[PDB]
Amino acid sequence: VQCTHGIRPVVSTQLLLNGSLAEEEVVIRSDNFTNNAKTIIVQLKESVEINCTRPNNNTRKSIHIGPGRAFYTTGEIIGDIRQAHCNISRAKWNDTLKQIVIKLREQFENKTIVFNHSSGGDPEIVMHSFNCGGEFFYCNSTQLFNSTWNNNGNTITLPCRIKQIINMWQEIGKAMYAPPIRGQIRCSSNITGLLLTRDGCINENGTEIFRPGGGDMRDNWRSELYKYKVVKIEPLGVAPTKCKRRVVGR
Amino acid sequence: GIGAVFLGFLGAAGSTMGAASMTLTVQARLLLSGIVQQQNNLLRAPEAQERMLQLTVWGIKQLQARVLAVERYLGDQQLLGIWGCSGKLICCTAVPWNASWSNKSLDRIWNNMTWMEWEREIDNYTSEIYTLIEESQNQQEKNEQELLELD
Amino acid sequence: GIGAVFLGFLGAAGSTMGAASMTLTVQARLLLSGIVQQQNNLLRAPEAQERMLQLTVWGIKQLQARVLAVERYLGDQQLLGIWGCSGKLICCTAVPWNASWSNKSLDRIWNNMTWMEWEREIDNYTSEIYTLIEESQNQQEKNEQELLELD
Amino acid sequence: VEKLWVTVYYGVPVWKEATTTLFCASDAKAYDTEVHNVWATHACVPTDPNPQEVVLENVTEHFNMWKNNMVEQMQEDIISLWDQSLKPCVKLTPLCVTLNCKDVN
Amino acid sequence: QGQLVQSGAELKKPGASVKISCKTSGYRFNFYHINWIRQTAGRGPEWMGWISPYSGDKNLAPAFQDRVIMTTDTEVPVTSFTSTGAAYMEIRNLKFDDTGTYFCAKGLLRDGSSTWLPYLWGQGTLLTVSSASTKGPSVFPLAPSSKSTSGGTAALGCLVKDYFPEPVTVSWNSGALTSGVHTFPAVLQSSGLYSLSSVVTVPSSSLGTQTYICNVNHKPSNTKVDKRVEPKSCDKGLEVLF
Amino acid sequence: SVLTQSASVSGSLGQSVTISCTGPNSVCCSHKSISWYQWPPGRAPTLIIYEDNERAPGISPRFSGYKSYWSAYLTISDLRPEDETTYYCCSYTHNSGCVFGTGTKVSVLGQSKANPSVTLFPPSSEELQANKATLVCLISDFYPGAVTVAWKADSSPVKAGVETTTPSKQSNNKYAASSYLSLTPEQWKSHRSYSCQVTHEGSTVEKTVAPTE
Amino acid sequence: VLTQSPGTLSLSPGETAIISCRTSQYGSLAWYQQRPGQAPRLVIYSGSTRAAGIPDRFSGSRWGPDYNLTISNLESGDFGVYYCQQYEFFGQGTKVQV
Amino acid sequence: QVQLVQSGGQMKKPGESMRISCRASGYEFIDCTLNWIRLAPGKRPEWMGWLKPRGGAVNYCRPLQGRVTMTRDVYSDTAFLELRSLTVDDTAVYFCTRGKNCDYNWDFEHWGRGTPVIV
Ligand SMILES: *[C@@H]1O[C@H](CO)[C@@H](O[C@@H]2O[C@H](CO)[C@@H](O[C@@H]3O[C@H](CO[C@H]4O[C@H](CO[C@H]5O[C@H](CO)[C@@H](O)[C@H](O)[C@@H]5O)[C@@H](O)[C@H](O[C@H]5O[C@H](CO)[C@@H](O)[C@H](O)[C@@H]5O)[C@@H]4O)[C@@H](O)[C@H](O[C@H]4O[C@H](CO)[C@@H](O)[C@H](O)[C@@H]4O[C@H]4O[C@H](CO)[C@@H](O)[C@H](O)[C@@H]4O[C@H]4O[C@H](CO)[C@@H](O)[C@H](O)[C@@H]4O)[C@@H]3O)[C@H](O)[C@H]2NC(C)=O)[C@H](O)[C@H]1NC(C)=O
Ligand SMILES: *[C@@H]1O[C@H](CO)[C@@H](O[C@@H]2O[C@H](CO)[C@@H](O[C@@H]3O[C@H](CO[C@H]4O[C@H](CO)[C@@H](O)[C@H](O[C@H]5O[C@H](CO)[C@@H](O)[C@H](O)[C@@H]5O)[C@@H]4O)[C@@H](O)[C@H](O[C@H]4O[C@H](CO)[C@@H](O)[C@H](O)[C@@H]4O[C@H]4O[C@H](CO)[C@@H](O)[C@H](O)[C@@H]4O[C@H]4O[C@H](CO)[C@@H](O)[C@H](O)[C@@H]4O)[C@@H]3O)[C@H](O)[C@H]2NC(C)=O)[C@H](O)[C@H]1NC(C)=O
Ligand SMILES: *[C@@H]1O[C@H](CO)[C@@H](O[C@@H]2O[C@H](CO)[C@@H](O[C@@H]3O[C@H](CO[C@H]4O[C@H](CO)[C@@H](O)[C@H](O[C@H]5O[C@H](CO)[C@@H](O)[C@H](O)[C@@H]5O[C@H]5O[C@H](CO)[C@@H](O)[C@H](O)[C@@H]5O)[C@@H]4O)[C@@H](O)[C@H](O[C@H]4O[C@H](CO)[C@@H](O)[C@H](O)[C@@H]4O[C@H]4O[C@H](CO)[C@@H](O)[C@H](O)[C@@H]4O)[C@@H]3O)[C@H](O)[C@H]2NC(C)=O)[C@H](O)[C@H]1NC(C)=O
Ligand SMILES: *[C@@H]1O[C@H](CO)[C@@H](O[C@@H]2O[C@H](CO)[C@@H](O[C@@H]3O[C@H](CO[C@H]4O[C@H](CO[C@H]5O[C@H](CO)[C@@H](O)[C@H](O)[C@@H]5O)[C@@H](O)[C@H](O[C@H]5O[C@H](CO)[C@@H](O)[C@H](O)[C@@H]5O)[C@@H]4O)[C@@H](O)[C@H](O[C@H]4O[C@H](CO)[C@@H](O)[C@H](O)[C@@H]4O)[C@@H]3O)[C@H](O)[C@H]2NC(C)=O)[C@H](O)[C@H]1NC(C)=O
Ligand SMILES: *[C@@H]1O[C@H](CO)[C@@H](O[C@@H]2O[C@H](CO)[C@@H](O[C@@H]3O[C@H](CO)[C@@H](O)[C@H](O[C@H]4O[C@H](CO)[C@@H](O)[C@H](O)[C@@H]4O)[C@@H]3O)[C@H](O)[C@H]2NC(C)=O)[C@H](O)[C@H]1NC(C)=O
Ligand SMILES: *[C@@H]1O[C@H](CO)[C@@H](O[C@@H]2O[C@H](CO)[C@@H](O[C@@H]3O[C@H](CO)[C@@H](O)[C@H](O)[C@@H]3O)[C@H](O)[C@H]2NC(C)=O)[C@H](O)[C@H]1NC(C)=O
Ligand SMILES: *[C@@H]1O[C@H](CO)[C@@H](O[C@@H]2O[C@H](CO)[C@@H](O[C@@H]3O[C@H](CO)[C@@H](O)[C@H](O)[C@@H]3O)[C@H](O)[C@H]2NC(C)=O)[C@H](O)[C@H]1NC(C)=O
Ligand SMILES: *[C@@H]1O[C@H](CO)[C@@H](O[C@@H]2O[C@H](CO)[C@@H](O)[C@H](O)[C@H]2NC(C)=O)[C@H](O)[C@H]1NC(C)=O
Ligand SMILES: *[C@@H]1O[C@H](CO)[C@@H](O[C@@H]2O[C@H](CO)[C@@H](O)[C@H](O)[C@H]2NC(C)=O)[C@H](O)[C@H]1NC(C)=O
Ligand SMILES: *[C@@H]1O[C@H](CO)[C@@H](O)[C@H](O)[C@H]1NC(C)=O
Ligand SMILES: *[C@@H]1O[C@H](CO)[C@@H](O)[C@H](O)[C@H]1NC(C)=O
Ligand SMILES: *[C@@H]1O[C@H](CO)[C@@H](O)[C@H](O)[C@H]1NC(C)=O
Ligand SMILES: *[C@@H]1O[C@H](CO)[C@@H](O)[C@H](O)[C@H]1NC(C)=O
Ligand SMILES: *[C@@H]1O[C@H](CO)[C@@H](O)[C@H](O)[C@H]1NC(C)=O
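Chains as they are written, first to last, in the authors' numbering: chain R, 245 to 309, 312 to 321, 321A, 322 to 355, 357 to 398, 411 to 508; chain C, 514 to 664; chain G, 514 to 664; chain V, 31 to 135; chain X, 1 to 52, 52A, 53 to 72, 72A to 72H, 73 to 82, 82A to 82C, 83 to 100, 100A to 100F, 101 to 224; chain U, 2 to 9, 11 to 27, 27A to 27C, 28 to 95, 95A, 96 to 106, 106A, 107 to 210; chain D, 3 to 30, 33 to 91, 96 to 106; chain L, 1 to 52, 52A, 53 to 82, 82A to 82C, 83 to 100, 100A to 100D, 101 to 111.
Pulled out of the complex, with its shape left as it was, chain R reads as follows:
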């Protein structure tokens, strides 16, 4: 190809949004699975739609620190005061978790599997973080990751906090203040996959634990750029064929 397929540079921290789905059946990808310090990337076949919102109708307020510049903030809140969240069908989500476990049991032994909330880290990692309409979310994903899948209704509403002062890529004393977006915002993402991290201390009961990874950002791109590779063309090549350089006469 000359160029790849369209890679949406979305940046999330736990689930993979608006990416590409698997073609046949869901797949799991890791460098080495014994390497418990290595991110397990999953790619869904069926994307599960996740609706989200900041319910508050906000008012912009330009306070001019000047000279030719101002600092925008929420002047007030027109109406009720409410909490930000994200809605996803728990049927779709856990029937999706069924897709995963069976292909997880392929890389592991048929031993039963368990899911869990993140062990620790910045709000970035320990919570499903993403942008929705210009504002940065941090959804508490304990709900989606708390289940044990063996062999022998309603919907999910994840609470979210909004941050405005943020530091993507964890830079050197360099932070960014997202000004507030006017009014309320509601956006809808497709979960296309996610990132897991195994607990490398196998137990009798155990059995094998997988919590939402997402410390490094290089995997967001691997999740899509896996399909491709770059090479350098070398059009010059020498080969023997019976033919001399026509100098039997001059």
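Treat the hints as calculated values from the structure; they're not laboratory data. Keep in mind that the hints are not guaranteed to be accurate.
As the list claims (entries may be wrong) - In silico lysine-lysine, DSSO-like type, Cα no more than 30 Å apart, as pairs:
#, chain 1, residue 1, chain 2, residue 2
1, V, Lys132, R, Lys421
2, G, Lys574, R, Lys490
3, X, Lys57, X, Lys12
4, V, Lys33, U, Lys31
5, X, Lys12, X, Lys206
6, R, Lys305, R, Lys432
7, C, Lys601, G, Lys601
The hints should help you fit chains C, G, V, X, U, D and L with the ligands onto chain R, whose structure is shown.
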């Protein structure tokens, strides 16, 4: 039929050395101008902000790579020149085939190996080979000169 | 022996015009690709910060000089083209030798003067000479055309 | 065989694993409508309408996502755009004033 | 640079089906043809047909064109240059003279005059076709007898009797014995049974230092009976050494 | 078979010998390619030459080949003792279709022959409790492969129950042969001490063995 | 999971010793050595490969379930306790003394 | 050259909480991953868990889960280790290490410094 119809860039990657010997133009073209045709054509889209705010982050990514593509290309055209054959595609020499490079025979070279495969088996000697053609020209270049003097 | 062995870049700087006439490839090569071979090869050292922090002070020093080397090189290849001989190294013309350029004889030109020395003695006329070859091509280019019409 | 001779070929189907500065393609409906500032998208070229690709027969290349520089290139890029786009934007450095905060209900 | 393996001896009866496949290694299975040749003692090594694992084109022998049908599986790559794959050839409406040592054979070139003509050859798994039953190779030992009294050797080997069908194979100490290997084939009696034997070479001085046993087996009968040669004996050339 | 190839030919050591193929125009030889294999009886086949002139890969120049409009030829030269095998040839075109040859028992001559080494193994105690009594005669280290078996019982002609074999080539490019004798324990026990005859180079070999010993 | 055998491990400066280690699944092998005051010092990073400041004496040698580390020509710095490491796991370890 | 150093003698009674330091230099702190080991006297060197310093992502072993608390601070290049509910089982000295390269963490080429702890 097969040699007078369409093929595509790098199509004969897994085709025999003999097969590929027809589809050179395909991969002998677009080494340069594969992108300068497309760039100039697609860049004159109605934007009118080509190089606005002077040069940017994509500014150097292209020029650092634009300027590469040509010298990279002019490197292989410099070899054609310095080997006395810029007829390209195919060109014979007086440099004979040192079987130390590959003891194998003709029949299987062109009809079983592919160029990717072949250039590997011959990769290590290419340096010594290439230098033999340069010294093949200069013998010829002096032999030319000697005859320019007396006639 | 002497023409079939090693010499080195610019080795015949103080060798006769005839002597140098064998060691052209030496200084006909590396005009370009003398640096693009070395640059690409040495720059892929395990650094992984090629063009980090975008472009820098050595950033332009190279590109301002990279882009020169090629047009400078393509200027001499444009002359080979416009004189109808890009066979390089050595090429005859219909333009005869105006002794007004140098009254001297053949014997001593090739066996006593060196090219550095010679091109000086002929420096002032080169402009007029070069323009004669261009008008030598176009006479030939029209004479070609005239015969394309009738056959 | 016969007196065999080296013969040289320009335009052969050969490549090697490599890395080099890539460049980006934009979208037609993306560039046309302004959307004001958006990443560094405006500084890209537009993608070809014809999504051209050629299938390679009789090849079986090796891929390893993990050691793939396009992602060491992607994030390199992604960070560079942000920094540069926020280069001119408003600095909140004097707002480090003592904030007398009451809570809301 | 590669090697091919096949399907073992599958005993069938006249008027039945028998399938014989071939699996590859060390080369691009798709790049080359797969030929089929038997070893009919009455006719000769008759060529059956070849097939392209890439283009699916065939060229069967009009003798068995209607009888047999060929088919192939997908290719499973090992490296960027090598792979593994499978190919088949089943034959129905069998007769007696459809027998011999059956070979699969990879082609010579990817292109040219001798494209399909085989270069590399398979194992050669023998096939008989009769309605009779099958008997197992009952393994037993032999009373030792020296080969030369001048040098000083103590020959010993195991004996197989009344088996059907071929082939039968012997390995000593489960592949833990190298030099001194000697074996031979069988013959059909008036009754209708094949029978063979084996033999080894060791000295008569050191007897109870190393221990050897014959790991005999048989694919159609499904058995791997083992035996050991009893040293206590009295012959003519071995009692002079003791 | 279809194609007629010389069934018998011979040649002394250090020299050369030629094998030929012939048949109707349909099966030989104009506008047709010819191949040559070193098909060993008892082992897997080997390839020799195919262009027809061009050698097979990893084959010595000793092997040459020629094709007239009516016949093919193969010229192996400066012979080796490992060449004692059988050889088939074939007829084919590009699109197809191997028409195999009748084969050739080639005979390498002018080599130092050797006398054999016999080991007669009698049945053990457990085997006789089956019940069955089998005398097995072995032959090894001898070439060319030629042996005439003559079992004897009570020093009388044994005509009933003759199990004999063809000499199979050993791994050291020499021959090997075996022999058997089906017998009931009734006659086996009480038969005045057995015998077993075999011969090569016109010099007979034997090893007499006892029942009760 | 790792079975580092055997345990006693006492010899003279003029001798040779070989330490074995067993495993069920595959992995990346390594080795260490403790000292008075000092902490574990790496000596092997793949299996065959050596660490910094490691002579030819340290011979790693077996492609199989049993992997071993040999350090012929013993010395006075060699006293201490060694361990075999594979991923998160460790070996029983063994102490050699004066 | 990649130095490492920690705290020192700090005595505590069973059933309490503790905290230690682990300063480091010579590399992009956030790029390479770290980990700890509960090396016991006589017993097997027990692994505790690892930490990614960029985002703070961590991983803990079951026997130490809940009790252990690995932290950091790139403003000081210092990886912290907090441990509550103490026992005689976990009295031994601890050591913070990093791999030979970022590519592979489990090849510990760079280790910490002595940290006496008394219960
Ligand atoms: C995974 O993928 C999914 C799918 O892509 C992602 O979800 C998407 O997320 C994006 C952004 O996150 C959303 O796009 C934004 O939508 C908002 C709201 O939509 C407006 O339009 C709706 C109808 O569409 C109309 O417009 C479109 C073009 O926008 C047109 O194509 C279409 O034909 C139709 O005409 C309305 O329904 C909608 O709500 C209205 O009605 C409600 C009641 O029904 C009412 O409650 C609402 O209040 C509202 O009245 C709304 O009008 C857009 O606002 C936004 O566009 C902003 O940004 C662009 C670029 O800068 C700018 O050109 C726009 O004008 C706009 O910016 C100005 O206007 C905003 C208000 O419209 C204001 O809030 C901004 O601050 C800004 O104001 C500035 O400019 C004004 C002048 O314009 C100036 O006066 C001010 O002073 C100031 O300077 C985007 O279009 C997608 O909708 C959403 N998709 C889905 C399916 O959810 C998901 O995020 C992905 N996941 C991840 C992880 O990334
Ligand atoms: C990430 O996880 C990875 C797993 O997902 C992991 O990769 C694997 O790591 C292991 C060890 O590090 C690699 O080695 C393997 O070791 C096997 C050992 O078996 C031998 O030893 C046994 C005990 O001594 C014997 O019992 C056994 O059988 C013999 O003995 C029996 C006794 O009764 C007897 O009955 C038997 O008949 C027999 O005689 C055997 O001798 C080894 O068996 C294993 O399989 C190889 O061999 C098989 C045939 O036996 C092949 O079918 C198989 O495919 C393996 O072939 C190797 O070689 C081929 C040709 O070179 C390659 O195509 C293969 O890919 C494979 O390549 C290995 O060897 C190459 C040699 O150059 C080497 O370059 C490669 O890198 C590779 O090491 C196999 O050798 C195992 O190969 C790794 N891969 C897999 C898929 O398992 C990895 O370590 C983790 N970490 C990282 C960073 O990746
Ligand atoms: C130029 O000027 C500079 C000025 O900056 C000069 O350089 C500085 O000098 C400073 C002092 O001179 C120096 O700072 C100090 O370094 C201390 C070194 O640590 C030793 O002491 C501690 C105890 O304090 C001990 O624990 C250490 O190691 C023990 O344990 C190891 C474990 O392996 C053993 O191997 C070792 O033997 C030792 O003893 C143990 O073993 C023996 C047997 O061998 C047993 O008998 C013992 O019982 C024991 O088990 C080191 O030996 C460092 O510790 C200091 O920091 C502590 O103290 C301060 C307060 O003093 C406190 O704030 C710190 O947090 C820390 O406290 C911890 O220890 C306390 C006990 O003291 C404890 O109560 C606390 O709870 C804490 O746990 C201090 O930092 C500084 O490093 C250097 N700078 C440099 C760069 O080198 C320089 O010399 C000048 N140059 C010239 C030319 O003039
Ligand atoms: C990827 O790799 C694969 C494998 O490496 C490679 O496939 C090889 O491709 C080469 C080049 O194309 C092939 O080499 C040629 O092989 C020809 C042999 O096939 C001919 O004969 C077939 C038999 O037909 C007879 O029998 C039937 C009934 O059995 C009867 O009806 C017929 O009338 C006839 O009697 C025939 O089916 C076959 O048909 C081809 O063409 C038709 C269209 O006409 C097409 O539809 C088919 O799909 C098929 O392609 C064909 O006619 C051989 O004739 C040919 O010989 C010519 O060239 C050589 C030298 O080039 C000369 O020596 C000779 O004189 C001829 O001029 C040539 O040898 C090779 O066989 C393939 N091998 C395999 C295993 O597939 C792919 O091409 C590679 N692909 C890429 C993209 O790289
Ligand atoms: C997911 O992973 C976690 C971590 O490995 C694993 O942990 C266990 O969870 C149970 C809950 O079922 C813990 O038990 C208690 O949980 C309650 C909340 O339900 C806490 O309030 C308790 O902590 C307080 O109370 C304790 C005394 O009761 C105090 O000792 C403590 O200091 C607190 O004050 C308590 O944690 C259990 O402790 C943990 N285990 C560990 C080792 O941390 C959980 O089981 C996993 N679940 C799934 C579904 O995978
Ligand atoms: C590359 O090819 C050249 C020829 O194009 C080789 O030079 C020639 O090599 C042969 C040795 O093979 C020289 O000696 C002659 O060899 C034959 C038998 O091999 C023998 O009959 C002769 O009497 C003599 O020994 C020959 O002189 C030499 N030619 C020249 C001009 O020197 C060269 O060796 C090849 N090099 C490699 C690395 O393959
Ligand atoms: C460059 O060379 C050209 C020829 O290639 C010169 O043109 C020719 O110059 C001569 C004068 O030297 C012209 O006249 C003839 O001269 C001889 C004696 O010199 C005389 O015998 C003749 O009768 C006539 O006088 C000649 O016509 C002319 N040729 C053409 C076609 O015009 C030219 O002068 C030289 N210029 C320089 C600057 O050297
Ligand atoms: C049903 O699930 C159990 C786990 O609950 C499986 O048991 C595992 O079996 C594998 C081997 O197949 C072992 O390696 C694991 O140690 C076992 N784990 C446990 C917890 O028992 C069992 O195999 C599954 N059975 C089927 C038919 O899928
Ligand atoms: C799994 O089962 C084991 C018992 O088989 C439980 O182990 C206990 O874990 C607690 C810590 O939470 C320890 O304090 C106990 O000593 C353990 N008891 C035993 C008998 O091992 C474990 O809690 C179970 N896990 C779950 C999630 O229920
Ligand atoms: C080339 O030489 C090698 C031995 O070095 C041999 O294995 C190979 O078969 C030879 N190739 C040909 C075509 O003779
Ligand atoms: C071509 O033939 C040689 C030996 O004759 C073999 O080594 C090589 O692998 C063949 N090429 C292909 C692509 O199979
Ligand atoms: C050329 O002319 C000059 C005078 O203008 C004279 O001195 C010189 O010797 C001449 N050269 C030859 C070779 O005649
Ligand atoms: C060549 O000879 C001329 C005169 O014949 C003289 O002027 C010139 O200097 C000589 N060149 C050298 C290099 O000596
Ligand atoms: C919540 O805080 C605001 C702060 O201004 C105050 O006015 C309001 O009365 C508080 N709500 C209640 C219920 O006290």
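Can you confirm whether the C-alpha distance between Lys601(C) and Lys601(G) stays at or below 30 Å? Given pair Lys601(C), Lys601(G) holds - Cα atoms ~15 Å apart, limit 30 Å.
Just to be careful, I want the Cα atoms of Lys57(X) and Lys12(X) compared with a cutoff of 30 Å; is the pair within it? Answer holds: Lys57(X) to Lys12(X) is near 26 Å, not above 30 Å.
So if I understand the rule, the pair passes when the alpha-carbon distance is 30 Å or less; does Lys33(V) with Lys31(U) pass? Between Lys33(V) and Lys31(U) the Cα gap is close to 27 Å, so the pair holds against 30 Å.
Holds or violated: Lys574(G) and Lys490(R), Cα atoms, limit 30 Å. Within the cut-off at roughly 26 Å; holds.
Does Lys206(X) sit within 30 Å of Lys12(X), going by the straight-line distance between their CA atoms? Judged against 30 Å, a Cα distance of about 21 Å means the pair holds.
Measure nothing beyond the straight line between the CA atoms of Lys132(V) and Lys421(R); if it is 30 Å or shorter, mark the hint as holding. Since the Cα atoms of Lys132(V) and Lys421(R) sit roughly 18 Å apart, the hinted pair holds (cutoff 30 Å).
If you draw a straight line from the CA of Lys305(R) to the CA of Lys432(R), is it 30 Å or shorter? holds (24 Å)
Hint check: no violations occur; every hint is consistent with the structure.
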